[PDB]
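Novice: Could you build the full structure based on these sequences and the hints that come with them?
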Amino acid sequence: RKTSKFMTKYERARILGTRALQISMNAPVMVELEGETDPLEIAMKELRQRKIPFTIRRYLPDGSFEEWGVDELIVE
Amino acid sequence: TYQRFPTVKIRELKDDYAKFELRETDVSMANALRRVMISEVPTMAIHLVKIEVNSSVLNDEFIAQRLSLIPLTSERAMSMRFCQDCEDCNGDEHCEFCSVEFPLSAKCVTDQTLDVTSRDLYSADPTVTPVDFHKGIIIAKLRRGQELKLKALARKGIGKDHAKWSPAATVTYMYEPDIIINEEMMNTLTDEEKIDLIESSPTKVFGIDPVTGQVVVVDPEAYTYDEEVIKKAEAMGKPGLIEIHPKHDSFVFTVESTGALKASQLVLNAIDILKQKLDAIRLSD
Amino acid sequence: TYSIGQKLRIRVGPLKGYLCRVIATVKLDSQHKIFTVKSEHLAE
Amino acid sequence: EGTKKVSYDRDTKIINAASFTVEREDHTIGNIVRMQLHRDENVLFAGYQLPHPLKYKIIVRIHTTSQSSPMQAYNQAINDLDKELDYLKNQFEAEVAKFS
Amino acid sequence: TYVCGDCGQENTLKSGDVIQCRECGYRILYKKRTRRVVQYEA
Amino acid sequence: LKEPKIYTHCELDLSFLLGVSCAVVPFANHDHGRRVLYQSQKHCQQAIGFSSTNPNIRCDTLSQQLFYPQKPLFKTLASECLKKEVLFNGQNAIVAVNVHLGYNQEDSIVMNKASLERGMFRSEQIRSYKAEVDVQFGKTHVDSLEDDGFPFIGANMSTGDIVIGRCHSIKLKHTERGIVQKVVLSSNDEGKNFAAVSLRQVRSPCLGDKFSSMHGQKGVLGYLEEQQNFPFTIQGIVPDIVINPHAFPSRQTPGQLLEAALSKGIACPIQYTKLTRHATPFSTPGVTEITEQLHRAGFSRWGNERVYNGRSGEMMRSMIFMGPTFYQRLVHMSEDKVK
Amino acid sequence: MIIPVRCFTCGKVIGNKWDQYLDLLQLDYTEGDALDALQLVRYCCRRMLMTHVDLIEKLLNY
Amino acid sequence: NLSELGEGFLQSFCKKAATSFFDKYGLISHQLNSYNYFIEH
Amino acid sequence: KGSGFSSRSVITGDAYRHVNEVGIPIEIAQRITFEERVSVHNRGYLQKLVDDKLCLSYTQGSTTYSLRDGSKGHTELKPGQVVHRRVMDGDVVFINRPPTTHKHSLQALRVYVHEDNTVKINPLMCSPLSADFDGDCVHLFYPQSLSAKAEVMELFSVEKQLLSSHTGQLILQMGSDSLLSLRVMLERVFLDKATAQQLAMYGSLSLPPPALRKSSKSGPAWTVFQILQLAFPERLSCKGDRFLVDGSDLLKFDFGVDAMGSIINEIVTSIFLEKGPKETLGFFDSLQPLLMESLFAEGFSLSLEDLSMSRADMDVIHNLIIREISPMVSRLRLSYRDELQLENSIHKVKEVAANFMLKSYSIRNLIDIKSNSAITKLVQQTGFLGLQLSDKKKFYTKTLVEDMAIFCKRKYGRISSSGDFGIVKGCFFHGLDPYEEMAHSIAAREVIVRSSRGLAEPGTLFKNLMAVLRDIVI
RNA sequence: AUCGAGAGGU
Ligand SMILES: [Mg+2]
Ligand SMILES: [Zn+2]
Ligand SMILES: [Zn+2]
Ligand SMILES: [Zn+2]
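So the protein sequences, as listed, match chains R, E, W, F, Y, S, Z, U and L.
Counted the way the authors' numbering counts, the first sequence spans residues 59 to 134.
Counted the way the authors' numbering counts, the second sequence spans residues 5 to 137, 149 to 300.
Counted the way the authors' numbering counts, the third sequence spans residues 607 to 630, 637 to 656.
Counted the way the authors' numbering counts, the fourth sequence spans residues 14 to 113.
Counted the way the authors' numbering counts, the fifth sequence spans residues 9 to 50.
Counted the way the authors' numbering counts, the sixth sequence spans residues 680 to 813, 827 to 833, 839 to 864, 871 to 974, 982 to 1049.
Counted the way the authors' numbering counts, the seventh sequence spans residues 1 to 62.
Counted the way the authors' numbering counts, the eighth sequence spans residues 22 to 62.
Counted the way the authors' numbering counts, the ninth sequence spans residues 318 to 791.
Just so you know, the hints here were simulated from the structure itself, not pulled from any lab data.
The beta carbon of each residue, even a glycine, is placed where N, CA and C say it ideally should be.
There may be inaccurate statements among the hints.
[To be verified] Partial list, derived from the structure: chain R residues whose beta carbon lies under 7 Å from chain L:
{"no.": "1", "residue": "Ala71"}
{"no.": "2", "residue": "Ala78"}
{"no.": "3", "residue": "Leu79"}
{"no.": "4", "residue": "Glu92"}
{"no.": "5", "residue": "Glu94"}
{"no.": "6", "residue": "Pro97"}
Specialist: Shown next as structure tokens:
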């Protein structure tokens, strides 16, 4: 569906926000980098890697949807 | 191993003025003396008034301020103790160490108005008094039936916290000037031009000869480093007829005091507190 | 210890000798700062 | 506070350079020291900085040749300066006396 | 204790009295300063 | 005088063609129209000084009086004739246009912290709070209230205290605090008891307070600096206030500069009756005259002086322009704005 | 207002002098031939006297 | 002629005579003179 | 509709701090807090913050419990009990300015704690915003939700809004003091030893190699180029046809009248497109205090000599005015083409006067040259005040120039001089005639009414064009 | 508490 395969900054902000809100609800981190003072640093170091537990589901104006995993997508 | 060797040579001294001429040191020493005099040499002055009957036309907090700024003799200043230290007291009343109290009281009971001057502040340590100079510093004027009665607590301070406590009416230095006239270009100029070179000097450094009618520096000290005589020369054409440049050792310092501390013992007192500063920043080992 | 409305003195501190009045937590006679201090730092 | 008035932090990348932080001091101390550190052969770089103009702290950085460590010079300077003052005090005192 | 505005007279004030200098009748009264001690930092 | 015959009448003085608030401005014809308009409409009204001779018989909501008010050094004809002194409200400040570590950029003002503590620009603001009763003034059976509901003269009243207490009582709001200076109670013929308490606060310029000159420039204090750090002069005069060189070209006020020069020349010792002290708006002293005065005084013809840096002691390359100007303080203080 | 105690720039003490200004001025001295004999010499200081409005005489009367 | 008066005299005058204005009339003469007519004539 | 969080105060300047740092007073920081959920990675930090009584309250479930005096029991931590922490170093906030079209005005900045009551805004943020330090007010808000926190830290941060969607170039334009300091620093190519060492201190790294090793009278002498190099990032390659850099090593730097600003703009754009925004922010934060210190030692001011009339050039300008006043009789009668030719001639005379005026040292370094507004505002205050009475403005009535000014000039002037409408000879430095002041006040009133309409009607225009362009999204 | 008006910094 998408040939550019580039993540928009808005989806990146959304996923970092939801990841920080998830890690701020008494949940362990997937990476072994615990000990930070703020959840923003944890979310940033988590998105800096490739192992992300959730993905994004894009929507099409025609009335359909296409799946795109974060593992195949690249982040700047 | 490396150490300068400054050398002083006083020119006038009085209890308020002093003009000494340091030679052989860097400006960075003289500036430091200035700066520290202006704002570390400590003095004693009033710092918590407590008023019981003001009836005057001026409100209370304009009597306070005015009182504090009054200059109070403080030879004992360096030997006291910043209150915030002294743990011999609750901070009220005389504490031989840290505070001295000054009661004042007045009520006009005639017709012609009564000037509550400063010769009407009475103290209880007979050291810290107000400085006397011929009538003193009016603190209020009272008309019949009006009264002021206050008790004040002086304290010791550094003029970097307020300037009530600062012992100088301007300390300042001047890189002494060095003036060289080309003396042969200056033979080129006609008489008139010279007398329009003389008189383009804001101050008076230069001056014509009676006889040979030559420009003869006649007071090197008075040259504010403006550029006027120089730039007039450029315009007249002849450039560098006169070149004047700072000597960069010799300074001429001029200290003047509020009266709290005699001038002499302002300088000596500065050098002393500088040493005590430096000797706290040694990193040992 | 003390009671509401008393006039005490700030013994040790940057604000030394100041007189203040104990609203509940003392308040100074002529400035707007409400400071709170323990008994050891207050005197009659 | 009680944090040491002077503190030493070696600079890792460049040998023989270090930074000293002096608390509660300002341009009166820094300028006097800087100018005497520059009177020494061994010292290569010397300066002071106020970390923020409103905070009273100065950081002094000294880079020196192999012949002297940074600490040595700093201490040397202070000692030297002190000795200067003493010369002045003595001198001034002599003069005031003469005037009288 | 309040002091009359247009002449100097002092009187205690009773609640509900139209404020009037009892003696002269104008109706402006000013409170009075007691001797209490106030410390102002200078 | 040049041509007596052709004219039938002669005007008394071209300075009288302006208003009361404009005929006193020095070099009014030397500035931009918008600038002098602003200075004569808003800066003149908002200037804080000289409020009232009997201040007890008045209970206004806000008043503000300068501790030590001053008259200007320059004399316009109009002020000289009117012989009234409340026309100018401000103090003379020695300014030295210069750039100071970039705290003075974009119309900000940097001032000595030791001239502001030796007393300059200090004001007192007495604000009155009022209430009416046909609810009798009483003490509800705070603690500074007495047996009549009114606070004792001299008390310090904070932001939450009850200033007038009516058996429902008025409570001070946020920016209200002070020392009670007067409690006045009165009634009318209709049987309505009145009562007003006045609270006094003294203030010193603090960051965020707007200042303005007689020629339009207006700025906010942005930094307060010690006397030692400022550049000095050979005599020792450190500038009270420093303002950005950049502002003067962008604004069109060649006046401020000119005024400052006249004044310095008036105040400087000469080494004595031919001084020119007048800057009437349409008959201003000339530039050649202003500058041949400074010269006789001893300062440089063009108004600039050598300044030695405070922090290091080294002469500074650019001569700085320094002189005495008449500044004003606005009523719009920083403290009320913050919320 | 009454003469301020100390000049606001250099902190000299001038608050001692008001009266002798006025007096001398009530002879025949140009201000400035007087402010000289009161020995004020910097112009930060010759301001504070030449430009003071008294205002206490009045405030007393009313 | 208006010669023999000189350019000083006649700009002394012009100040002597505008202090005078401001003594007779003042600076709120207008308002006052009007009310003091509504309530007179 | 109203909003919960709010803060409005006067803003001042502070150029000795990073761009992302903004000051906050004591009472504002004490009142407003920052909501955050309890996590496991900050179990000890929240405890050491709550035991010392810095927080205000905490909400558990559907009830709120305050943290005031009276609690004898320890506040046990629970992930269900949310707490709001007092704002400290490490919080992000966005500001709102007076209405401005640009969205660049909204920005996210880290908070800074101080004792004063005013807000500190660096002069570098004046080009994105529109607030001068003349008494403007701002509206600084606070994010409450953590999703809102991520939104404000990622989108509104300066590290993403550098590329302008309006002009295409960096919004971090040049400042007045910055340009002045850079010019007075480039005027002197070589520095002393102590001066060079004192500037580097504010740099980032040391300066091992000196430019001038040995000379006749000078020893080790550096240059401003190496100072700019140590201010530059570690590695960079601009290659902008005028400057070459290879690992913080500047090769050549051209000098002109105003090309330095464009050159440094190209430099910063290349630095941003090469490495990133953080490097440019660090470069600016390392270059601003250095330049502020450089100037401070030198000093800059304008005296009365800078506004020199040069009586010879003044008579030349007066003769040019006498020559140019001849076509004034045939301007308001024939057409508007003669009016445009008159404008061209006035522009030429103004450029001549500016060339005759910029010979000073301070005016040339403080005033722009390519800008026409600066030239107009400089010439109008020194000599040959421009034209101020025209027939194109409909704001005023034509009678004011048809049967008023001619009668004024005939009553007051000796000669006829019918063409004396905007050919006034006086300036702002010299005395201004009463008729000239009247005409200038008329022109100022016309400017003011035009400005008020200019502020009033385009507001309605923006409302109209905004009520329709709110649903276009890719 | 509410409304309206006037005077303001942007
Ligand atoms: Mg603005
Ligand atoms: Zn004690
Ligand atoms: Zn009575
Ligand atoms: Zn002085």
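Novice: Hint by hint, say whether it matches the structure.
Specialist: Results of checking the hints against the structure:
Hint on R:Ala71 holds. Least Cβ distance to chain L is approximately 4 Å, under the 7 Å limit. The criterion of a C-beta within 7 Å of any C-beta in chain L is met by R:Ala78, whose closest approach is roughly 6 Å, and the hint holds. Because the beta carbon of R:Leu79 sits about 5 Å from the nearest beta carbon in chain L, less than 7 Å, this interface hint is met. For R:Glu92, the interface hint holds, the least distance from its beta-carbon to any beta-carbon of chain L being 6 Å, beneath 7 Å.
Look at R:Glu94: its Cβ gets to within about 6 Å of chain L, closer than 7 Å, so that hint holds up. Hint on R:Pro97 holds. Least Cβ distance to chain L is approximately 6 Å, under the 7 Å limit.
The structure is consistent with each of the numbered hints, conforming to all of them.
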